[PDB]
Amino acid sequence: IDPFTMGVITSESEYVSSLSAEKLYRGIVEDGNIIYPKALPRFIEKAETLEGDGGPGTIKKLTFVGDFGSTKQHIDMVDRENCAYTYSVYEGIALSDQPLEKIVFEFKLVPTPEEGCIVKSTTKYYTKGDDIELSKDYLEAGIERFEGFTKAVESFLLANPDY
C-alpha cells in the first residue's frame, strides 16, 4: 500500500599503488590534517578535527580552496591493522534531482608482494524517497574524487619520504 523505500548505490574502484599500505594509510588517516593540504594544495585549504581523538565517532572538516565551501567527515571505522577506513558525509550532498540521506566512503589497502598495495575504494549513496534517479556522471564523480584524494596523497608521500 505505502512502502518505505530506500536505495543504496555502491561504486567500487581499484588501483595498484607503489606505496606500501601502512604508509598510505598513516598518511591519509593519521597525518591527514597536515598532509591533505600538502597533497592537494589547489583544492584542500585545511583539514582539521572538530571532535574526537581520531577514532570512530571523530568529526573532521575539510575547508576547500576558493568558493567551494567546506564539508564534515564523520568517521565510522578505523582499522590500522587492516588499513581500512570508513567515514560518512551527511550535508550538502543532494543532487538537483535526488536528495541523499548520506554518502559513505570506504577504503581498504591490501599489500601486494613487492609492496605497495591494491587500493580498494568504495562509495555508497543512500537515497531518501519514493523515487530514484542518479546519473553516470554523478556516481563516477564521487568515487573519482575519492580515489583522487588517495592518489594525491600517495604521490605526495612518494616524493617526500621524509616527514
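Numbering follows the first chain given and starts at 1. Only residues modelled in both forms are compared. Take the two forms, superpose them, and find the largest set of C-alpha atoms that agree within 1.5 Å; that set is the rigid core. Compared with the form deposited in another entry:
Candidate set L95, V110, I34, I59; criterion, C-alpha shift of 2 Å or more between these two forms after rigid-core fit; matching residue, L95.
Here is what shifts between these two forms when you lay the two on the core: runs of at least 3 residues, every Cα off by 2 Å or more, at 92-98, 129-131.
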Second form
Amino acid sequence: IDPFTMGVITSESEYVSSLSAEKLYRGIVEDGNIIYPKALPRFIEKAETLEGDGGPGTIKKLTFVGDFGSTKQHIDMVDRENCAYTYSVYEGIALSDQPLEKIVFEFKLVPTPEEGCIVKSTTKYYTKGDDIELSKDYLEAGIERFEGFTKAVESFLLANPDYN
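Could you output the structure for the form deposited in another entry, given that the previous block was the form deposited in one PDB entry?
Here you get just the chain by itself.
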C-alpha cells in the first residue's frame, strides 16, 4: 500500500561516420562552444559554459536563435579516451510540456578499421509514478533531434577540417 513508482524509457540509435572518433568527439565536446552556431545556425544562437572547466559537474548553456529561450546541460561523465560523453537536462524546451523529471543524453563513438567511427546515441527519459504516458512519436523525436545534432556537427567538421 502506497508504493514508490518511477519509469525509465531508453532510446538507442547508431550510425556509421567516416570522421574519426577523436575529431568528432573534439568538435562536440571540447569545441562545441565554437562549432554549434556554425554547425546548427538555424537553431543555436550561442553556446557557452556557465560553470566548470568541462569535466564532470560542468554546466553549459545553449541559447537559441530568435525567441525560443535556452537550455542548460549538466555534464555528468566526460571520457576523452573512449569518446564517451553524458549530460542531463532538467527543464527546457527539450522537455516539451511532458511529465518528465529529467532527460539524460549519452553519446559514445567507436572507431572503425577504416578510421571512421560508429556513433552511438542514447536518450533516457525519467518519469514519476503517477503519469507514465509518453508518446511513441515524442520519444523518437527526441533521439532523432539528438542524433541529428551529431550529424550536423559531423557535417561541419567534414566540410571544415582546419577550423583551428
